[PDB]
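One chain comes next, on its own, written as structure tokens: the form deposited without the ligand.
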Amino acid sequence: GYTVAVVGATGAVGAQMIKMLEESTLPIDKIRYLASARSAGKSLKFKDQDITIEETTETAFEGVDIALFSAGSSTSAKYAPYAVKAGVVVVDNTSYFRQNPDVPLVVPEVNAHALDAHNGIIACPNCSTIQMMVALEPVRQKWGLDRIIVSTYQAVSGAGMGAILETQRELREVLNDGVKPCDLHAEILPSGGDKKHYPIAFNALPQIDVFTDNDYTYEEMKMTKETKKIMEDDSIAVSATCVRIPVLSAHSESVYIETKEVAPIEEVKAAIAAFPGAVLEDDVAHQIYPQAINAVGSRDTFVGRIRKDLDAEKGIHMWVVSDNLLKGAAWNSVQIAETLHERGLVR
């Protein structure tokens, strides 16, 4: 079997990486948990076994076959090159390598073939991008994609364990202590690395990550650029608005597309239902549609509210929901690792 390292094992994504690995078809002989110096010496479970957390260092990757990185871009930038040098195959969940032309950016249902070209590093895309790609690839295959306009409804677990706990405390202060939402103290959201912090309780924050020079945030531009790379087509026009809402896990997206050919709605529904990783949940006569609360804990991406635009001949609207820590992060990463094993690419 393999020796597998989880870098960032103690975080929100890390904890789900552990869960996905425990349930994986990857043959694992040895498991190692890496994090920062302040987590070193603590213990975490793998199934029934206690695993000592180790400090991530430049020489910590000896004997590792596969390393799953989910410890921030800074950690990946610094240590992933040393891992690769030592012969480790790295699956990276951060944004650092995503736009490197020698790094495949992979959603296995959509572009697993790109794994064949890897030179030691595979990048997992952004959580919001991944679920959109699972929903839209089956449509692209049959009728093409001219453009995408998306507005997201993103859960706080995407911003890490600290964000989850800040959200819970804020909500308790309002509901139990009577604090006005605008008077809440905040330290993390919308973005840990930005200057000002705002409450998320009973709010909708139109900022994920920091702003770029074109007044879209890095999150919004990630959806644009990663879509083009994953679908291998720079002609697909993509513009996004990414909003944080008071949901702990599971991202929702209002997705508008225009296809290249008119795609009959019932055929679109059947194409999505037929696509591995996508589940059609769409029966408005019985109020059936994807919901964040029902999607938590499942690896599937759920699609509904599928309907034609009222005016644009080739326009289609839909609602896409997935667990942002599973398919959006830890499951996509482990699924990459399984695909690497299944295709003889752990070399």
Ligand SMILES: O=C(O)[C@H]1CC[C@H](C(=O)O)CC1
Given for the second form:
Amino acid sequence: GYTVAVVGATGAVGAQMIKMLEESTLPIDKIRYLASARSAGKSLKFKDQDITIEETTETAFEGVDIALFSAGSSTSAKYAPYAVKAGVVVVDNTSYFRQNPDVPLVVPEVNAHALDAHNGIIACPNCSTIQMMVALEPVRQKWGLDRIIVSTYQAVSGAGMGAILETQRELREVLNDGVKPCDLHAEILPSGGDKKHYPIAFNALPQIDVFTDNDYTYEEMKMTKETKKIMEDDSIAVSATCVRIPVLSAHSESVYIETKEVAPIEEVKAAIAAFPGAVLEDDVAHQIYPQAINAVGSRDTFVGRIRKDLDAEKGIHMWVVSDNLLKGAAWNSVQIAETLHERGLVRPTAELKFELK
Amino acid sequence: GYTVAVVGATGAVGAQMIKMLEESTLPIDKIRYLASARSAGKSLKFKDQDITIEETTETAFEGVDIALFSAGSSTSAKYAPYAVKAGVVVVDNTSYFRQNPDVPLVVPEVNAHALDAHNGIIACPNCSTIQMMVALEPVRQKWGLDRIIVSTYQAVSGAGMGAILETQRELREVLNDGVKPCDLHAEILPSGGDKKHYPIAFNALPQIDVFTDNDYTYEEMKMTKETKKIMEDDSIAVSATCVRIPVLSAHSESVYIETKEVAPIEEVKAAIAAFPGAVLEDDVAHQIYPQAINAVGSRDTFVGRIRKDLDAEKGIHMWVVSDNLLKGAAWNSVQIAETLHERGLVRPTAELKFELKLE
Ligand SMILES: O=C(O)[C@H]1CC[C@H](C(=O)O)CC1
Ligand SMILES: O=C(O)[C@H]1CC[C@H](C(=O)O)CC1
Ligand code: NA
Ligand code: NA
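Since the one above is the form deposited without the ligand, can you give the form deposited with the ligand bound too?
Complete assembly follows, chain above in first position.
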């Protein structure tokens, strides 16, 4: 069996990484929980066992076979290369390594083949991208993809544990204290690292991450660039609007595509139903469609509202929902680790391609 | 001055109709509040005056100059034609008459000209359509519109008082009692008239109104058909996805357009800023964009996140927000009434063009 380390064990994704590992088939002989200095010495469960949390350092990775990182891009940048030097295979949830050509950016149902040539780091895409890829890959396989326009409805847990607490507190202030939403005080959302913070309670904030030079946010640009890398096709046109709404868990997406060839809607529905990881929930006669509250706790990605555009011959609209901490993060990561195990890919990398510090 | 009746005075829109009339320039000599048998005999204020609510009937409109209806499609179908027969000019918030060729479907900043030939009923479009029209008309004027793709983020007050209360109750059960959102009991949302109801708390429901036979909902198809009528151009391709989210007031929209001519973003921002009823809130260097919580209580429509598509030369994305009970409903209606007054159009219609349903 493996020694597995969870880096960021105390965070929102980390807690789900623990659950997904507890529920995993991976043969784990030893589990280690790593976080920051302020968490060291605390205890968290692995099943029935008490695990003492350790500080993450450049020397903490000796003897580790697999490390799952979800402790912020800074932490991956600092420590993942030391892990690789120590002989670890890293699965990274952060954005840091995603566009490095030496790093596979993987959704196992779509591009598991990219794992074979890994150099010790495998990147998990962002939540919003992952669920979109699970929904769209079976369509691309049969009819191609020319363009995507997506508008998202993203849950606050994607911004971490603090964002969840901020949202709950704000809603209580409005509902219990009669505070006007526009009068609420915010400290984290829309983006912890940006200059100004705004309430999310009873609001829709069209900003996730910070703004890039082209007036799209980094979240929107990640959907664009990650799609192109995962589907191995720079010709797919992708433009996104990424919006935070008052939901704690599960992202929803209104997704428009134009295919290369006309894709009959009943065949599109069947292709999605048949695709591993995607579940068709589409029966409008009985008001059946994906819902955030129903998706929470499931590893599946749910697709419905599938219908042709009213005018564009090759246009199709749909609604895609998945738990953003599960398929959107921790489950995609554990699934990658399970796929590495299946394929005999859990072993030290000989050539170090990642600069130390 | 005018005698003005508010039909549906007690509902979510009706309360804002009252506020908008209290703040109006219209010369009002007499106000009447009409509702159903449920509220008849109760009292509501107009400014400092107590007004007794009356049950709406086919004979309730004698002496009325202007009637503002927001009491559901069936109420407009039943009573608006009797109001017209009585000599009233009706401004209707419901969907009932919107697609009738004898009925102007008006957003005053866009197609006030259509009021001139009214036949006693002027229809307000749906809230989602109204704010989109305010944002897009100044763009259409200069560079044309080939297509629109819109995804909405709609507030629950659009579904009425009961839906507001349901949303508040559900959120309290989760946040104060620790109820799982899945375990919540719903009675109204997504659509009061449909067969099944779902929680809205911590959810996003991709259903507004009921489904039509093409698998789009009636709300989505209203955005399509109303856009074509208001802009007087059946060639504009419009497809919509309409989603309810946990917001009490103000709808937000992610709007994609393709123009006929390339429309430089800096010029688009200036055109929207200059357009009556539209306010540019777009300064990403300082994280300025429209927000539902800031739009509440304002008659303006706020537009930002304006940017060109990454690939389509003529594509533009934006974010449009307005208070759905104000510009989306009560303010559009009062603004129409003020515009009728300005144009000398408040007077009886001789020829009845609408079927009477209570004979
Ligand atoms: O993984 C990433 O690049 C981001 C991490 C934070 C996420 C959020 O704020 O919802 C968005 C994606
Ligand atoms: O005015 C209309 O046709 C509809 C009335 C109900 C509204 C809602 O449920 O938010 C949507 C628009
Ligand atoms: Na499937
Ligand atoms: Na067109």
